[PDB]
Amino acid sequence: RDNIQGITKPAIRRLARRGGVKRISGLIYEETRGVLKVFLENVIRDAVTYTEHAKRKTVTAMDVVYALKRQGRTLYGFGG
Amino acid sequence: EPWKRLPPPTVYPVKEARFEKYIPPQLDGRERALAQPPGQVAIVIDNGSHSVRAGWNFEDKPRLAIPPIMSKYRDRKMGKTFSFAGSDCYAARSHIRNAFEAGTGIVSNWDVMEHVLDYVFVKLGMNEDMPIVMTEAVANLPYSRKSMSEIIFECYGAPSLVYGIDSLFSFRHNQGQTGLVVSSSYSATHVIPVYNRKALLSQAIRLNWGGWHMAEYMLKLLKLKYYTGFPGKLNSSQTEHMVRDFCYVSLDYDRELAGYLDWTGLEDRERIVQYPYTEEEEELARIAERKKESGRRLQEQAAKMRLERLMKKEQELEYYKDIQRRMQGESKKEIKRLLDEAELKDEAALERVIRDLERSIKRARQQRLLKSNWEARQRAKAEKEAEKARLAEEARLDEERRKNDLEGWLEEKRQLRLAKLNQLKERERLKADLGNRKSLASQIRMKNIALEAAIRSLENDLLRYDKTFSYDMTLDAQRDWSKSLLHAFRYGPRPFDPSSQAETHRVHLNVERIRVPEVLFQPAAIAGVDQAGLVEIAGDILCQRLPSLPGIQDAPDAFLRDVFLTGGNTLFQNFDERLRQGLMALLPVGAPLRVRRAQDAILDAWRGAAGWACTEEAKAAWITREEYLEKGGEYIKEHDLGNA
Amino acid sequence: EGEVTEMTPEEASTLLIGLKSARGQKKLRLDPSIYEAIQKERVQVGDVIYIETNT
Amino acid sequence: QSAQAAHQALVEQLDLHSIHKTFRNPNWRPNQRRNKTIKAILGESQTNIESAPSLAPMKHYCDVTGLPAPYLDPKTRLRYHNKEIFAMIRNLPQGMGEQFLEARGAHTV
Ligand SMILES: Nc1ncnc2c1ncn2[C@@H]1O[C@H](COP(=O)(O)OP(=O)(O)OP(=O)(O)O)[C@@H](O)[C@H]1O
Ligand SMILES: [Mg+2]
Numbered sequence: 541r542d543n544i545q546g547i548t549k550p551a552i553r554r555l556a557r558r559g560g561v562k563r564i565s566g567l568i569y570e571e572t573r574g575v576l577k578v579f580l581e582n583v584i585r586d587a588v589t590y591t592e593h594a595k596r597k598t599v600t601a602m603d604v605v606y607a608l609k610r611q612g613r614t615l616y617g618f619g620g
Numbered sequence: 037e038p039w040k041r042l043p044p045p046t047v048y049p050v051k052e053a054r055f056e057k058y059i060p061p062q063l064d065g066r067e068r069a070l071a072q073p074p075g076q077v078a079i080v081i082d083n084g085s086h087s088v089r090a091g092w093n094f095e096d097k098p099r100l101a102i103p104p105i106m107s108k109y110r111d112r113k114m115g116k117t118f119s120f121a122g123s124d125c126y127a128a129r130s131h132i133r134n135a136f137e138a139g140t141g142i143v144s145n146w147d148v149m150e151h152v153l154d155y156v157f158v159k160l161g162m163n164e165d166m167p168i169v170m171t172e173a174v175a176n177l178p179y180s181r182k183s184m185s186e187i188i189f190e191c192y193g194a195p196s197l198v199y200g201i202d203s204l205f206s207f208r209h210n211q212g213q214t215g216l217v218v219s220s221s222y223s224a225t226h227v228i229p230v231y232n233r234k235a236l237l238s239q240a241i242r243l244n245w246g247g248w249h250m251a252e253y254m255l256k257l258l259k260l261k262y263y264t265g266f267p268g269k270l271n272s273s274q275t276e277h278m279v280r281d282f283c284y285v286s287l288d289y290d291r292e293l294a295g296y297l298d299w300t301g302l303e304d305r306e307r308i309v310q311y312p313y314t315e316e317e318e319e320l321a322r323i324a325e326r327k328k329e330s331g332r333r334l335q336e337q338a339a340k341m342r343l344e345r346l347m348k349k350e351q352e353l354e355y356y357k358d359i360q361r362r363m364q365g366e367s368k369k370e371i372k373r374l375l376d377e378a379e380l381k382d383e384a385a386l387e388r389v390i391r392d393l394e395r396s397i398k399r400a401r402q403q404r405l406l407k408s409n410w411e412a413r414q415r416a417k418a419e420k421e422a423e424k425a426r427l428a429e430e431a432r433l434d435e436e437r438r439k440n441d442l443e444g445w446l447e448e449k450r451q452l453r454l455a456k457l458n459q460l461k462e463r464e465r466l467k468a469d470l471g472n473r474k475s476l477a478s479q480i481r482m483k484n485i486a487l488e489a490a491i492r493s494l495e496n497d498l499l500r501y502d503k504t505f506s507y508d509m510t511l512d513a514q515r516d517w518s519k520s521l522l523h524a525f526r527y528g529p530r531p532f533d534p535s536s537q538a539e540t541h542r543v544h545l546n547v548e549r550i551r552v553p554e555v556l557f558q559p560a561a562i563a564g565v566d567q568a569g570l571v572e573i574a575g576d577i578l579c580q581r582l583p584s585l586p587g588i589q590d591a592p593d594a595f596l597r598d599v600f601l602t603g604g605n606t607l608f609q610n611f612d613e614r615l616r617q618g619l620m621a622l623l624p625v626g627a628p629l630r631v632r633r634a635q636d637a638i639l640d641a642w643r644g645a646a647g648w649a650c651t652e653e654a655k656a657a658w659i660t661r662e663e664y665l666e667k668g669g670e671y672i673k674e675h676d677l678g679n680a
Numbered sequence: 182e183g184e185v186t187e188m189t190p191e192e193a194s195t196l197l198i199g200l201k202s203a204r205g206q207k208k209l210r211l212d213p214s215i216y217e218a219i220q221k222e223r224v225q226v227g228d229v230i231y232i233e234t235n236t
Numbered sequence: 066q067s068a069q070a071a072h073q074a075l076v077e078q079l080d081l082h083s084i085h086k087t088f089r090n091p092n093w094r095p096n097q098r099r100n101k102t103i104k105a106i107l108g109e110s111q112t113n114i115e116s117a118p119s120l121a122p123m124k125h126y127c128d129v130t131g132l133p134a135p136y137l138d139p140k141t142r143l144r145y146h147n148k149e150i151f152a153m154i155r156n157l158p159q160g161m162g163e164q165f166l167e168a169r170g171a172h173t174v
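Residue numbers (my numbering), protein chains in the order written: chain A, 541 to 620; chain B, 37 to 680; chain C, 182 to 236; chain D, 66 to 174.
Check the hints yourself; a few may be wrong.
[Claimed, not checked] Restraint ranges, calculated between C-beta atoms of paired labels, are given here:
{"id": "1", "chain 1": "D", "residue 1": "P122", "chain 2": "B", "residue 2": "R616", "range": "23 to 29 Å"}
{"id": "2", "chain 1": "A", "residue 1": "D542", "chain 2": "B", "residue 2": "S273", "range": "47 to 53 Å"}
{"id": "3", "chain 1": "B", "residue 1": "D636", "chain 2": "D", "residue 2": "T87", "range": "43 to 49 Å"}
{"id": "4", "chain 1": "C", "residue 1": "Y231", "chain 2": "B", "residue 2": "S273", "range": "39 to 45 Å"}
{"id": "5", "chain 1": "A", "residue 1": "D542", "chain 2": "C", "residue 2": "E222", "range": "32 to 38 Å"}
{"id": "6", "chain 1": "D", "residue 1": "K124", "chain 2": "C", "residue 2": "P190", "range": "27 to 33 Å"}
{"id": "7", "chain 1": "B", "residue 1": "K348", "chain 2": "D", "residue 2": "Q159", "range": "29 to 35 Å"}
{"id": "8", "chain 1": "C", "residue 1": "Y231", "chain 2": "B", "residue 2": "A294", "range": "26 to 32 Å"}
{"id": "9", "chain 1": "D", "residue 1": "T87", "chain 2": "B", "residue 2": "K57", "range": "49 to 55 Å"}
{"id": "10", "chain 1": "A", "residue 1": "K577", "chain 2": "B", "residue 2": "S478", "range": "42 to 48 Å"}
[To be verified] Straight-line Cα separation of at most 25 Å, DMTMM-like style, residue types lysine to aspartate or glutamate; simulated pairs:
{"id": "11", "chain 1": "B", "residue 1": "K519", "chain 2": "D", "residue 2": "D138"}
{"id": "12", "chain 1": "B", "residue 1": "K667", "chain 2": "D", "residue 2": "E109"}
{"id": "13", "chain 1": "C", "residue 1": "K207", "chain 2": "B", "residue 2": "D593"}
{"id": "14", "chain 1": "D", "residue 1": "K124", "chain 2": "C", "residue 2": "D228"}
{"id": "15", "chain 1": "D", "residue 1": "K124", "chain 2": "B", "residue 2": "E411"}
{"id": "16", "chain 1": "D", "residue 1": "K124", "chain 2": "B", "residue 2": "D290"}
{"id": "17", "chain 1": "D", "residue 1": "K101", "chain 2": "B", "residue 2": "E164"}
{"id": "18", "chain 1": "D", "residue 1": "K86", "chain 2": "B", "residue 2": "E164"}
{"id": "19", "chain 1": "D", "residue 1": "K104", "chain 2": "B", "residue 2": "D147"}
{"id": "20", "chain 1": "C", "residue 1": "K207", "chain 2": "B", "residue 2": "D576"}
{"id": "21", "chain 1": "D", "residue 1": "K101", "chain 2": "D", "residue 2": "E115"}
{"id": "22", "chain 1": "D", "residue 1": "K86", "chain 2": "B", "residue 2": "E344"}
{"id": "23", "chain 1": "D", "residue 1": "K140", "chain 2": "A", "residue 2": "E581"}
{"id": "24", "chain 1": "D", "residue 1": "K101", "chain 2": "B", "residue 2": "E190"}
{"id": "25", "chain 1": "C", "residue 1": "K201", "chain 2": "B", "residue 2": "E344"}
{"id": "26", "chain 1": "B", "residue 1": "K108", "chain 2": "D", "residue 2": "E149"}
{"id": "27", "chain 1": "B", "residue 1": "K159", "chain 2": "D", "residue 2": "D80"}
{"id": "28", "chain 1": "B", "residue 1": "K483", "chain 2": "A", "residue 2": "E581"}
{"id": "29", "chain 1": "D", "residue 1": "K86", "chain 2": "B", "residue 2": "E572"}
{"id": "30", "chain 1": "A", "residue 1": "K577", "chain 2": "B", "residue 2": "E370"}
{"id": "31", "chain 1": "D", "residue 1": "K104", "chain 2": "D", "residue 2": "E167"}
{"id": "32", "chain 1": "B", "residue 1": "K461", "chain 2": "D", "residue 2": "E167"}
{"id": "33", "chain 1": "B", "residue 1": "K182", "chain 2": "D", "residue 2": "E167"}
{"id": "34", "chain 1": "B", "residue 1": "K483", "chain 2": "A", "residue 2": "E592"}
{"id": "35", "chain 1": "D", "residue 1": "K140", "chain 2": "B", "residue 2": "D469"}
{"id": "36", "chain 1": "B", "residue 1": "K340", "chain 2": "B", "residue 2": "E411"}
{"id": "37", "chain 1": "B", "residue 1": "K407", "chain 2": "B", "residue 2": "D469"}
{"id": "38", "chain 1": "B", "residue 1": "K108", "chain 2": "D", "residue 2": "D138"}
{"id": "39", "chain 1": "D", "residue 1": "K86", "chain 2": "B", "residue 2": "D147"}
{"id": "40", "chain 1": "C", "residue 1": "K201", "chain 2": "B", "residue 2": "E613"}
Source of the hints: derived by calculation from the structure; they are not laboratory data.
Ideal placement from N, C-alpha and C gives every residue a C-beta, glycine not left out.
Please take these sequences and the hints and turn them into a complete structure.
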């Protein structure tokens with residue numbers, strides 16, 4: 541399945557443009573995919589524990605928000 | 037015992053390339069070069085990337101043997117420039133530049149080469165007119181030959197020049213007639229088939245490994261072995277002497293290698309190289325006083341803390357006891373609410389903290405207060421005495437259990453150790469699991485919201501009385517440096533201490549004694565060179581190429597009767613036998629393989645060109661200045677000892 | 182007894198096989214019968230084999 | 066001090082620059098671009114076709130101790146002898162793993 545390859549090179553380009561990056565080595569795209577997957581694993585792992593300890597099968601936005609704040613990366617807009 | 041039985045180590049000082057003496061110009065050679073018969077004199081120069089050798093063809097050994105290096109610099113405080121052009125470069129500022137491209141046989145810094153040639157002719161006493169024989173790389177590049185011959189004709193103006201291959205001059209000096217010439221030099225390793233004194237250079241092969249690469253690879257290895265930091269300055273000139281003095285070719289590599297770091301006899305397989313080093317009561321009483329006072333004060337703090345805990349926790353026990361008494365006295369409806377004064381729901385909970393308080397104190401008008409404080413000390417003293425009695429009673433039972441039931445008693449301690457080992461391994465695994473990911477705690481906390489001394493003691497008793505137990509079983513031995521491969525690799529059979537300046541600043545060679553030469557035989561495995569090994573190259577030539585070649589006759593058998601070894605980098609122990617036994621398996625059974633070493637395999641390549649220099653075969657190959665001015669510097673007279 | 186350095190079907194019956202020990206290599210001409218015995222066993226180049234020439 | 070004087074004497078005694086060369090023709094002067102590397106020479110020339118590859122399967126050796134290696138670590142791609150060396154290899158300073166590869170001409174990228 542390997543849906544990490546669905547994070548295409550242009551999508552990684554635009555994230556770098558918003559990051560203010562002018563020239564991108566062609567080796568960046570594989571390194572960025574590894575970075576993203578390592579991050580996104582950690583958040584979902586934490587979120588699923590809030591879901592299960594609330595005795596739910598559905599992971600909720602506040603499960604994600606608590607996982608993010610637990611990681612020090614507080615996200616506003618989805619809930620208090 | 038295992039190391040204390042060994043003698044003090046034999047250790048060899050580092051060796052490096054160094055300046056040794058002044059060589060005044062050898063004017064006697066210049067006079068003899070004029071007295072010798074007409075046309076029977078030449079300057080013979082061997083372009084060794086490790087050593088330029090130069091001298092007179094009519095002489096049996098060269099006058100010079102000089103590294104192809106220059107060092108030119110401005111002495112800023114004195115304004116004069118200096119330049120040096122051999123071992124006069126102290127290989128002391130060492131602005132050294134080398135004529136050759138590193139790891140190749142080809143000259144590339146012509147300013148350096150021109151300064152080396154300048155040094156040569158000065159030291160030969162040139163007062164200028166003399167023919168030059170110059171050795172050359174196999175398949176040497178045309179541009180490189182053009183540049184060298186331009187220097188010889190335009191700058192130095194010499195009358196005639198001839199180029200020949202150093203390995204083929206060496207073969208001729210050893211009565212070579214037909215054979216396989218195997219050269220290993222500084223730059224490279226070559227296999228040349230020679231048929232009827234003529235080299236079949238279209239069938240020559242190069243390995244791109246040689247004595248330079250061995251010194252470079254040995255340096256990479258020593259830097260990795262001591263990656264923690266070796267405090268001596270590791271240099272390629274030092275590893276070049278290490279590869280010479282200590283390396284040798286293995287007669288059977290894998291069976292020798294796999295046991296090389298095995299602990300017995302390692303002090304024989306290991307050789308130790310010493311880098312240079314330098315090494316260097318009232319305060320002792322004062323330190324001991326401070327240590328005594330600070331130690332006592334800490335014990336006073338612990339005793340005060342414990343004695344403080346004694347009164348508090350005993351009164352908390354009395355506090356819990358009075359809660360129990362009131363709980364037991366008052367109506368049953370009061371039980372939980374009264375025990376909630378002890379913040380606990382039931383005596384089944386309160387007994388837990390009661391026991392922990394009892395354990396802790398067990399483990400640990402003002403005259404009325406002082407007596408009450410004295411009572412707390414006395415109460416713990418009784419608990420201490422009862423604890424010691426309980427331990428002594430348990431010891432007395434274990435004594436009789438050991439004396440009567442020893443086999444069962446020891447089997448208990450073995451199984452207890454196994455349990456304690458499993459408990460420690462579970463605890464060690466837990467200590468690896470704990471903090472493997474910080475959020476482990478915060479994840480689990482939401483579920484709520486919404487051995488060392490024992491193992492040692494068991495081991496010590498088994499060492500005391502289980503005659504089948506032994507120290508190597510203990511976890512202590514399982515962590516001893518004496519049981520570690522990386523200590524043997526880096527430091528050998530002796531214990532090591534970083535306090536000794538003498539025992540730091542020494543390198544232990546070990547596996548690289550044999551691993552370094554074997555890159556010739558296993559290049560892609562040992563150093564990634566991605567080329568066929570020497571035995572596979574020589575086997576390809578003898579077995580695949582020469583029998584197919586149409587003009588040749590008696591192949592392989594004519595070439596196979598003389599596999600000839602040339603160049604300094606062949607001088608390893610067992611190099612010849614290793615090459616023989618490798619080829620022997622590739623050849624038809626009983627084939628008359630001989631492998632032979634050159635005499636004096638370094639200088640012998642020069643002696644061949646000196647002997648050859650003025651023969652009629654050579655003088656038919658000489659190019660004159662007036663030919664060069666028309667033909668240019670790339671053009672050469674093809675001859676049996678030179679390139680096409 | 183040797184490592185099979187070559188297996189060259191000669192006819193289309195005869196095989197030639199090359200065998201090598203640490204001490205040299207030898208070629209053998211194989212009758213189609215002993216060839217198919219060598220081929221009924223799963224011998225390939227790089228295998229080590231034992232042959233009895235007469236039996 | 067005599068040591069400085071003696072060294073100054075020896076460097077003057079060894080120097081070639083103080084020595085005039087009668088054989089050296091002054092009129093010829095080299096092209097300043099003449100120092101070229103093998104790649105430049107070969108690239109401009111486009112007989113050093115004497116190198117040879119190999120087809121046999123290579124043996125596996127421990128990148129640290131050089132002893133034979135049954136194991137290739139999937140993470141750092143160092144070859145290693147045993148569990149003791151695997152422990153070291155995973156504990157290496159982050160730059161060190163690429164040096165063990167590079168000692169056999171390998172690199173991770
Ligand atoms: N006894 C010895 N054992 C092993 N190696 C040695 C020994 N003596 C010298 N060497 C090494 O042999 C090399 C010298 O090789 P050789 O003299 O054949 O080369 P060269 O003519 O200078 O170079 P080239 O022909 O490649 O330009 C050096 O690396 C030196 O350290
Ligand atoms: Mg040479």
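Right, here's what the structure says about each hint:
1. D/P122 with B/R616: 23 to 29 Å: Given a distance of about 24 Å, which is inside 23 to 29 Å, the answer is holds.
2. A/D542 with B/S273: 47 to 53 Å: For B/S273 against A/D542, whose Cβ atoms are near 52 Å apart, the range 47 to 53 Å holds.
3. B/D636 with D/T87: 43 to 49 Å: violated (35 Å)
4. C/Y231 with B/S273: 39 to 45 Å: Between C/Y231 and B/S273, where Cβ atoms are some 54 Å apart, the hint is violated.
5. A/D542 with C/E222: 32 to 38 Å: violated (44 Å)
6. D/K124 with C/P190: 27 to 33 Å: Since the Cβ atoms of D/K124 and C/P190 sit about 32 Å apart, the hinted range of 27 to 33 Å holds.
7. B/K348 with D/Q159: 29 to 35 Å: Since the Cβ atoms of B/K348 and D/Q159 sit about 51 Å apart, the hinted range of 29 to 35 Å is violated.
8. C/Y231 with B/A294: 26 to 32 Å: holds (27 Å)
9. D/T87 with B/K57: 49 to 55 Å: violated (26 Å)
10. A/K577 with B/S478: 42 to 48 Å: violated (22 Å)
11. B/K519 with D/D138: holds (23 Å)
12. B/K667 with D/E109: holds (21 Å)
13. C/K207 with B/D593: At roughly 16 Å apart (the allowed maximum being 25 Å), B/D593 and C/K207 satisfy the hint.
14. D/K124 with C/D228: Status holds; Cα separation ~18 Å.
15. D/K124 with B/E411: Roughly 78 Å between the alpha carbons, so the hint for D/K124 and B/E411 is violated.
16. D/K124 with B/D290: Status holds; Cα separation ~10 Å.
17. D/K101 with B/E164: With a Cα-Cα distance of about 31 Å, the restraint between D/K101 and B/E164 is violated, given a limit of 25 Å.
18. D/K86 with B/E164: Roughly 9 Å separates the two Cα atoms, so the pair holds.
19. D/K104 with B/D147: This hinted pair holds, its Cα atoms lying about 19 Å apart.
20. C/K207 with B/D576: holds (17 Å)
21. D/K101 with D/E115: Roughly 21 Å between the alpha carbons, so the hint for D/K101 and D/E115 holds.
22. D/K86 with B/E344: Violated, because 97 Å separates the two Cα atoms, which is more than 25 Å.
23. D/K140 with A/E581: Distance ~19 Å between D/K140 and A/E581 Cα, so the pair holds.
24. D/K101 with B/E190: Given pair D/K101, B/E190 holds - Cα atoms ~19 Å apart, limit 25 Å.
25. C/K201 with B/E344: At roughly 87 Å apart (the allowed maximum being 25 Å), B/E344 and C/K201 break the hint.
26. B/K108 with D/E149: violated (50 Å)
27. B/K159 with D/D80: OK: B/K159 and D/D80 at ~13 Å, within 25 Å.
28. B/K483 with A/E581: holds (21 Å)
29. D/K86 with B/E572: violated (50 Å)
30. A/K577 with B/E370: This hinted pair is violated, its Cα atoms lying about 58 Å apart.
31. D/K104 with D/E167: Judged against 25 Å, a Cα distance of about 22 Å means the pair holds.
32. B/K461 with D/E167: Roughly 37 Å separates the two Cα atoms, so the pair is violated.
33. B/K182 with D/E167: Status violated; Cα separation ~36 Å.
34. B/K483 with A/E592: Holds, at about 9 Å.
35. D/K140 with B/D469: Holds, at roughly 20 Å.
36. B/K340 with B/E411: Roughly 15 Å between the alpha carbons, so the hint for B/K340 and B/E411 holds.
37. B/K407 with B/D469: At roughly 50 Å apart (the allowed maximum being 25 Å), B/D469 and B/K407 break the hint.
38. B/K108 with D/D138: violated (49 Å)
39. D/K86 with B/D147: At roughly 16 Å apart (the allowed maximum being 25 Å), B/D147 and D/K86 satisfy the hint.
40. C/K201 with B/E613: holds (19 Å)
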